[PDB]
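The lines below spell out each chain.
2 protein chains.
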Amino acid sequence: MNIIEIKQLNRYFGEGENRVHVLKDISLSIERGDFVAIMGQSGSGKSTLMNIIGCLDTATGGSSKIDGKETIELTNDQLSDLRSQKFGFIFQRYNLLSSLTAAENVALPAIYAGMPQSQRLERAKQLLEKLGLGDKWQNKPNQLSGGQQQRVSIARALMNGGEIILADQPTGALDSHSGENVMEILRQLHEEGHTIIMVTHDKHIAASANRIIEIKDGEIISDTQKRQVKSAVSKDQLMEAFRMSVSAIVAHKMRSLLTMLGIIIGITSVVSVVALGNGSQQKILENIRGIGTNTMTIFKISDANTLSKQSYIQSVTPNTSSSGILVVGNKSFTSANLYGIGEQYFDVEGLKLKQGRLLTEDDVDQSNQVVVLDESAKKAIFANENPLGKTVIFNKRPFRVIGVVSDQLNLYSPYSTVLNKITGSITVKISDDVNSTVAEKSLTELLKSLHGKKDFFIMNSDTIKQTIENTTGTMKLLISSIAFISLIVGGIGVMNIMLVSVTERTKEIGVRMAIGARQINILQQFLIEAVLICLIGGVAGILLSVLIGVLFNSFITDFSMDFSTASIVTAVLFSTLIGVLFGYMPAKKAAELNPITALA
Amino acid sequence: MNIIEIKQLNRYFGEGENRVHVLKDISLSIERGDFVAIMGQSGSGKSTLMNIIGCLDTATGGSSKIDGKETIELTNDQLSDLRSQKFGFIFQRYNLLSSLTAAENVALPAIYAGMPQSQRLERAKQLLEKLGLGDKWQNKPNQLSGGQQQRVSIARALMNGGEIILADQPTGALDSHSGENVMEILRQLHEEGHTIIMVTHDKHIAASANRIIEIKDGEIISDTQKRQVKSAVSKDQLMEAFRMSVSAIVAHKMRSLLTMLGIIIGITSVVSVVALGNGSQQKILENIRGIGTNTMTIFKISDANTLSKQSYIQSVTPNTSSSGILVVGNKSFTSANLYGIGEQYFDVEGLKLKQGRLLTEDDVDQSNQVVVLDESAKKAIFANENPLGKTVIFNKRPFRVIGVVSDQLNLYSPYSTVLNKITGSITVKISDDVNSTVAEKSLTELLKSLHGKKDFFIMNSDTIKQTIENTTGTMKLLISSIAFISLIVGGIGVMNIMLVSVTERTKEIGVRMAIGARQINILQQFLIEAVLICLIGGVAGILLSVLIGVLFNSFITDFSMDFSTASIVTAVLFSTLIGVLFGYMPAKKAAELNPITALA
Ligand SMILES: Nc1ncnc2c1ncn2[C@@H]1O[C@H](COP(=O)(O)OP(=O)(O)OP(=O)(O)O)[C@@H](O)[C@H]1O
Ligand SMILES: Nc1ncnc2c1ncn2[C@@H]1O[C@H](COP(=O)(O)OP(=O)(O)OP(=O)(O)O)[C@@H](O)[C@H]1O
Ligand SMILES: [Mg+2]
Ligand SMILES: [Mg+2]
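Respectively, the protein sequence lines represent chains A and A'. A prime marks a further copy of an entry chain. All letters in the first sequence, in the order written, are residues 1 to 233, 246 to 311, 328 to 436, 446 to 461, 467 to 642 by the deposited numbering. All letters in the second sequence, in the order written, are residues 1 to 233, 246 to 311, 328 to 436, 446 to 461, 467 to 642 by the deposited numbering.
Calculated directly from the structure, the hints in this document are not laboratory data. Worth double-checking, as some hints may not be accurate.
[To be verified] Here are the computed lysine to any residue pairs in the SDA-like style, where the Cα-Cα straight-line distance is at most 20 Å:
#, chain 1, residue 1, chain 2, residue 2
1, A, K295, A', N290
2, A, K247, A, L574
3, A', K359, A, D497
4, A', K518, A, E298
5, A, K518, A', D604
6, A', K140, A, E17
7, A, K265, A', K631
8, A', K140, A, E15
9, A, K295, A', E511
10, A, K518, A', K518
11, A, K136, A', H21
12, A', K496, A, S360
13, A, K140, A', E17
14, A, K216, A', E180
15, A, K518, A', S602
16, A, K380, A', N512
17, A', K549, A, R547
18, A, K380, A', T505
19, A', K295, A, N512
20, A, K136, A', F13
21, A', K24, A, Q143
22, A, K382, A', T505
23, A', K295, A, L519
24, A', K380, A, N502
25, A', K424, A', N457
Generate the whole structure from the sequences, applying the supplied hints.
Here you go:
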């Protein structure tokens with residue numbers, strides 16, 4: 001019976017005193033397959049009514065029903081169908097996508113309908129033939145005249161062959177020839193049973209309509225008919253969406269490259285400060301560990333034998349000293365010290381080999397008369413001359429100098454040599475990883491298991507092992523809070539550049555919604571636009587930092603940038619989960635507001 | 001004679017095969033004060049010629065002369081004058097600024113002319129009266145119909161009363177009433193001696209012209225006259253620019269807030285990592301310094333007296349030991365050690381006061397029999413009981429226990454007590475700031491100045507003083523390269539958000555250029571927009587970090603975030619010098635391209 005039925009239609013804009021009554025109790029039924037012209041004075045409400053009909057706006061009050069179905073009660077996808085297949089909208093200001101060619105702009109409504117791309121380009125091209133722009137099918141909107149852009153808009157409206165054609169001043173910018181041809185087209189679609197509702201100011205145009213409504217001040221003045229009326233009788249979706257996203261990204265080279273370089277940094281920063289931090293910790297903790305060791309002085329040799337058979341004890345020394353008199357040259361250095369020490373004593377106290385060698389196993393087994401010299405008691409006795417080989421005399425008893433060591446007269450001989458050839467404790471080096479007060483109570487246990495009840499007045503020096511654990515806690519807090527900054531820094535960095543760049547195309551959404559796209563079709567390409575730009579700039583990131591590391595480890599002597607694979611994951615899994623969230627969120631808020639509101 | 005003289009005018013677009021010949025050897029003289037209508041088929045070259053006349057485009061070849069002056073040879077400011085005062089341009093697609101009201105859009109050309117704002121709003125309002133939009137003077141473009149926007153465009157063209165009025169389809173979107181009124185206006189300006197060149201498609205409109213030119217395919221077909229023709233007879249600048257910048261900033265709340273929060277971070281990051289870094293260095297270097305001191309053992329008392337009178341020597345100790353036997357209870361600890369030490373020895377070796385007191389001056393002056401105990405030789409002798417007061421017996425000679433100290446049987450008495458009451467070197471503490479091998483050769487000098495030629499076999503331990511200087515160099519590199527990152531991070535952060543947000547209004551520039559603004563008038567508000575948004579987000583920055591510091595120093599036990607005033611300056615002077623450079627650069631590249639090219 002009727003195709004459109006608008007009863008009691010009201011429409012307001014604005015917020016009193018800024019509010020205006022724009023459509024005033026409009027009641028209009030349009031007959032199926034009619035040709036209708038709407039005329040009126042500039043700013044009377046004509047475009048506003050056209051939008052509510054084609055489901056771009058929605059009225060403040062009153063019913064509007066397409067094929068008798070109330071539009072407000074329809075679902076958001078149900079509406080997006082009407083806009084793809086029921087309506088075909090020629091916009092007043094033509095609303096083309098500026099990055100697309102003419103042809104591409106025409107075919108676009110037919111992606112959301114889901115026709116194969118080979119068919120689209122040929123049809124779109126034929127629509128531009130019929131309308132006179134077969135010449136310009138490759139031109140983008142801003143390479144066309146206004147009247148050309150207008151005809152591209154007309155083409156697009158005709159692309160999905162919608163039953164109803166809403167034409168809002170479709171000849172405004174065109175000569176009478178071009179304008180007639182366009183009327184020719186519209187007339188033929190009327191003849192093929194389409195329904196035409198056309199806003200116009202030119203009367204010659206309005207004559208091609210059988211019905212002519214006049215609007216003034218939001219109300220309906222005229223209603224004229226020449227005759228009576230005739231009676232009436246997601247898988248590929250994503251392949252396409254991906255293609256959309258890519259050309260979208262290539263079209264906006266700047267926005268894209270900056271967005272992606274935004275994420276690149278918010279990775280390489282976080283990663284390069286985690287790896288700078290752990291590199292300087294290695295060196296700082298090492299500079300401390302090399303200042304002296306941590307040991308437990310027990311102040328027989330089978331005790332110190334099995335003491336050395338742990339993994340929580342790294343080295344062991346039997347100890348025994350001697351107070352006596354040395355001789356070299358004429359000089360006779362009185363009250364010298366000959367420390368009878370173990371195989372591994374130079375490990376246990378971390379003394380470093382300067383010159384020659386240290387006490388081998390053969391020397392302690394044979395009670396060899398060989399002495400390793402203290403740096404200070406080496407230079408004093410031998411001036412600046414090689415002391416290797418040359419002899420000393422401790423208590424009228426020769427000793428062959430076999431090497432020199434670091435500091436903390447001191448002389449180091451085997452314990453077997455001092456208990457055999459000079460006179461007749468047990469120190470252990472507690473491991474770096476094991477806990478200090480654990481081992482103080484692990485050694486109490488493990489030795490008392492060798493019966494002897496005492497004297498376990500066991501002393502142990504562990505102030506290095508303290509100020510390591512003390513400065514590892516400080517270096518953790520530093521690296522941890524520095525990473526937490528640099529991460530929050532370049533997450534906001536991404537959010538800014540993302541929030542801007544996507545909201546910068548909320549009109550592009552409003553167009554896509556008006557020409558048939560369904561809510562989710564938006565979210566498809568805007569997710570794909572994000573992930574595609576996020577996991578390129580991710581890959582760029584992880585391997586840009588790598589290159590920085592190589593540059594740093596090359597030029598930097600002091601410490602090495604040592605990476606963490608945990609940070610790499612964290613930084614990437616963060617900087618994309620944030621960039622995708624802020625690529626989606628704004629696109630989704632756009633696609634869900636009324637197309638016209640998006641269009642401004 | 002003539003006002004416009006166009007000889008041999010050619011015009012191409014595009015790059016073969018994409019290039020098109022669009023204006024073909026056009027020769028057109030227009031007579032001063034004429035009323036001219038240009039007609040033609042859609043896309044024949046009409047708008048293109050209109051732009052070259054009004055100095056928005058420039059021709060590929062051939063002359064174009066306004067009042068006989070060749071336009072290409074004019075200077076860029078000379079052109080910006082013509083656009084403010086010679087021409088008044090009604091654009092085809094109306095090209096309003098969307099953030100301005102109707103009135104504001106109309107007056108804008110008259111800021112660059114430099115009329116007082118009180119006069120502008122009243123005139124702009126009157127132009128909107130004459131054209132029918134006195135009702136809507138507060139509406140922004142996107143609160144108007146197309147025909148309303150059109151009339152706002154017309155108003156603006158008439159605002160500077162330009163002699164020539166280029167009107168590109170100025171009735172396209174308006175009813176015959178509104179359109180006639182507009183023709184009424186244009187006719188009256190013709191009557192007041194203005195010159196009118198008007199592109200149109202409507203003939204009734206073209207009849208109001210005395211001359212009617214037809215263009216087709218870039219060439220001139222018709223030329224008709226009804227009659228012959230009549231013969232012809246920076247200081248405030250910145251105040252305004254500032255106002256422009258502010259409303260501009262308030263209009264773009266998002267772009268602005270993000271840009272400014274962009275700089276906020278690129279300060280607070282750099283500053284919080286400099287201050288985290290120096291805080292953790294303080295603690296790490298302290299944890300090292302407290303592990304032991306650096307000293308120079310000289311191994328009489330007036331020597332050690334004047335040795336202590338330096339600022340490169342912090343404390344001094346006379347030294348003398350004793351090997352003997354202690355007694356408490358029945359127990360009799362054999363070969364104990366009684367170190368005869370100085371006033372300040374517990375400073376010199378950094379031993380810390382546990383319990384009671386240390387050797388006062390009165391004790392060393394009186395040779396007091398009082399002993400300070402080693403942590404270990406205190407606990408061993410007195411189990412877990414207070415040893416303060418209670419007596420020991422070193423070599424059948426009482427000693428009153430006066431306190432306890434840290435470690436590195447050991448007993449500490451005055452040197453005067455051991456050289457008087459027990460038996461009958468000089469150690470110095472080299473200062474933290476002075477260099478170590480300097481003082482080794484400053485003490486050689488300063489003591490030999492006390493005659494004595496030797497024995498200056500002076501030893502000194504300074505491995506702490508090494509591993510501080512060794513880890514200050516490592517902590518410098520860390521803080522230095524971490525600051526260098528976080529700084530480059532949030533300079534690019536600013537550049538991105540700035541580059542985007544300003545290039546996002548290159549059309550706004552192209553409009554402003556077409557309506558009279560001079561090149562520098564652009565740079566004025568875009569500098570002011572930057573500095574105004576940069577030195578707000580700077581202030582926000584310096585005092586956001588301050589608040590973070592207070593939060594950190596509150597909750598964090600371990601080390602304190604200690605700020606640098608050098609970083610604060612660096613970070614601010616960087617993040618604004620970069621943001622201003624990238625706020626200016628793009629605006630300036632826009633303002634210097636042809637207005638039409640900017641308009642797309
Ligand atoms: N950047 C460009 N690249 C290629 N071609 C262009 C470019 N700019 C304009 N053109 C072409 O030059 C011609 C200029 O036509 P013009 O803008 O004068 O149209 P018009 O006569 O004003 O149309 P209408 O009557 O609808 O207003 C157009 O046909 C257009 O295709
Ligand atoms: N967001 C808004 N706020 C306030 N007023 C608005 C808003 N949107 C539209 N209007 C007003 O509602 C009216 C709608 O008019 P409409 O868009 O139908 O003009 P039109 O008849 O199409 O004009 P033309 O004939 O020139 O195309 C306008 O007069 C406009 O001022
Ligand atoms: Mg309209
Ligand atoms: Mg035009």
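Results of checking the hints against the structure:
This hinted pair checks out: A:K295 and A':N290 have alpha carbons roughly 17 Å apart, not beyond 20 Å. With a CA separation close to 18 Å, the supplied pair A:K247 and A:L574 stays within the 20 Å bound. Restraint check for A':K359 and A:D497: the C-alpha separation of about 16 Å stays at or below 20 Å, so the hint holds. Pair hint A':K518 plus A:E298 holds up; C-alpha atoms about 17 Å apart against a cutoff of 20 Å.
Annotation: proposed proximity of A:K518 to A':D604 holds, straight-line Cα distance about 18 Å (limit 20 Å). Using a Cα cut-off of 20 Å, the hinted pair A':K140 and A:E17 holds, with the two alpha carbons roughly 16 Å apart. Distance restraint check for A:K265 and A':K631: the Cα-Cα separation of roughly 18 Å lies within the 20 Å cut-off, and the hinted pair is therefore satisfied. At roughly 15 Å between alpha-carbon atoms, A':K140 and A:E15 fall within 20 Å of each other, so this suggested pair holds.
The suggested pairing of A:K295 with A':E511 holds, with an alpha-carbon distance near 13 Å, which does not exceed 20 Å. Taken as a hint, the A:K518 and A':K518 pair is honoured in the structure, with Cα atoms around 17 Å apart against an allowance of 20 Å. Only pairs whose Cα atoms come within 20 Å are accepted, and A:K136 paired with A':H21 is accepted, the gap being roughly 14 Å. For the hint linking A':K496 to A:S360, the alpha-carbon distance of about 19 Å falls within 20 Å, and the restraint holds.
Taken as a hint, the A:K140 and A':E17 pair is honoured in the structure, with Cα atoms around 16 Å apart against an allowance of 20 Å. Among the hinted pairs, A:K216 with A':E180 is consistent with the structure: their alpha-carbon atoms are about 18 Å apart, no more than 20 Å. With a C-alpha separation of about 14 Å, the suggested pair A:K518 and A':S602 falls inside the 20 Å cut-off, and the hint holds. For the hint pairing A:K380 with A':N512, the CA-to-CA distance comes to about 19 Å; that is within 20 Å, so the pair holds.
Pair hint A':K549 plus A:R547 holds up; C-alpha atoms about 16 Å apart against a cutoff of 20 Å. The straight-line distance between the Cα atoms of A:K380 and A':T505 is roughly 14 Å, inside the 20 Å bound, and the hint therefore holds. Using a Cα cut-off of 20 Å, the hinted pair A':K295 and A:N512 holds, with the two alpha carbons roughly 10 Å apart. A distance of roughly 13 Å separates the Cα atoms of A:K136 and A':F13; the hinted pair therefore holds under the 20 Å criterion.
For the proposed pair A':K24 and A:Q143, the alpha carbon gap of about 18 Å is at most 20 Å, so the pair holds. Proposed proximity of A:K382 and A':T505 is supported: the alpha carbons are some 17 Å apart, at most 20 Å. At roughly 12 Å between alpha-carbon atoms, A':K295 and A:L519 fall within 20 Å of each other, so this suggested pair holds. Between A':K380 and A:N502 the CA atoms are separated by roughly 19 Å; this keeps the pair inside 20 Å, and the hint holds.
Between the alpha carbons of A':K424 and A':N457 the distance comes to roughly 14 Å, so the proposed pair stays at or under 20 Å and holds.
The structure agrees with every numbered hint stated previously.
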